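Chain by chain, the residues run as shown.
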Amino acid sequence: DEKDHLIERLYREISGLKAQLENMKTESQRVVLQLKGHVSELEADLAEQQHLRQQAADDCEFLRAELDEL
Amino acid sequence: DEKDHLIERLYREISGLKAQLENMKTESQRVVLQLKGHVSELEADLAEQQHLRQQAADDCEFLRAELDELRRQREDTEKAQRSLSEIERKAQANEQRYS
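In order, the protein sequence lines correspond to chains B and A.
Using the authors' numbering, the first residue of the first sequence is number 371, and each one after it goes up by one.
Using the authors' numbering, the first residue of the second sequence is number 371, and each one after it goes up by one.
Since the hints were derived computationally from the structure, they do not count as laboratory data.
Incorrect hints may appear among the rest.
[Stated by the list, open to error] Derived DSSO-like pairs: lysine-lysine, alpha-carbon spacing no greater than 30 Å straight-line: (1) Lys373/A to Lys373/B; (2) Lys395/B to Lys395/A; (3) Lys449/A to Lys460/A; (4) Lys388/B to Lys373/B; (5) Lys388/A to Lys406/B; (6) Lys460/A to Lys388/B; (7) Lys388/B to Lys388/A; (8) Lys449/A to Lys406/B; (9) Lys388/B to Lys449/A; (10) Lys395/A to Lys406/B; (11) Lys406/A to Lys395/B; (12) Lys388/B to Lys406/A.
Assemble the whole structure, with the sequences as input and the hints as a guide.
This is how it looks when you write it as structure tokens:
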């Protein structure tokens with residue numbers, strides 16, 4: 371015993387940090403994936419709705435023409 | 371002494387693990403926040419589109435009805451024409467018949 375304890379003590383701490391790092395890495399990924407997924411869903415949704423908009427916009431515009439014509 | 375070397379190494383491993391960790395905490399915070407805002411920007415961009423779509427949708431419905439009515443008018447005017455006309459072009463077509 372002596373410096374040997376300082377050694378064991380330090381090894382214990384290192385062992386801790388490594389463990390810490392891993393958990394935070396796992397936790398960070400479990401979230402960034404879930405957030406990215408939600409994002410990709412929305413992007414999709416937006417594209418579809420963004421399309422329907424243009425569709426209806428063009429529609430009325432042509433209807434407005436067909437009318438204003440006759 | 372030989373253990374002094376090992377002690378020095380361990381203290382350096384630790385200081386590095388702490389930085390390594392720290393960075394991660396920081397990056398994770400940034401990344402997660404940025405995404406969360408991206409969601410909000412879309413959570414909204416979407417409403418934006420659903421709104422304009424709907425707004426335009428029933429907008430055409432109205433026009434579509436405007437058109438049906440005008441077509442109804444033309445249609446009924448014709449029926450009255452090809453009906454009252456058949457009566458005349460068969461009454462005066464009847465007068466000459468007796469000559």
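Now the hints, each set against the structure:
no. : hint                 : verdict
1   : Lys373/A to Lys373/B : holds, 8 Å
2   : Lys395/B to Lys395/A : holds, 9 Å
3   : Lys449/A to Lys460/A : holds, 17 Å
4   : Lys388/B to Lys373/B : holds, 23 Å
5   : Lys388/A to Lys406/B : holds, 28 Å
6   : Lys460/A to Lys388/B : violated, 106 Å
7   : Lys388/B to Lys388/A : holds, 9 Å
8   : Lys449/A to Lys406/B : violated, 63 Å
9   : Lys388/B to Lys449/A : violated, 90 Å
10  : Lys395/A to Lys406/B : holds, 18 Å
11  : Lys406/A to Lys395/B : holds, 18 Å
12  : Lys388/B to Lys406/A : holds, 28 Å
Hints 6, 8, 9 from the earlier list are contradicted by this structure; the remaining hints agree with it.
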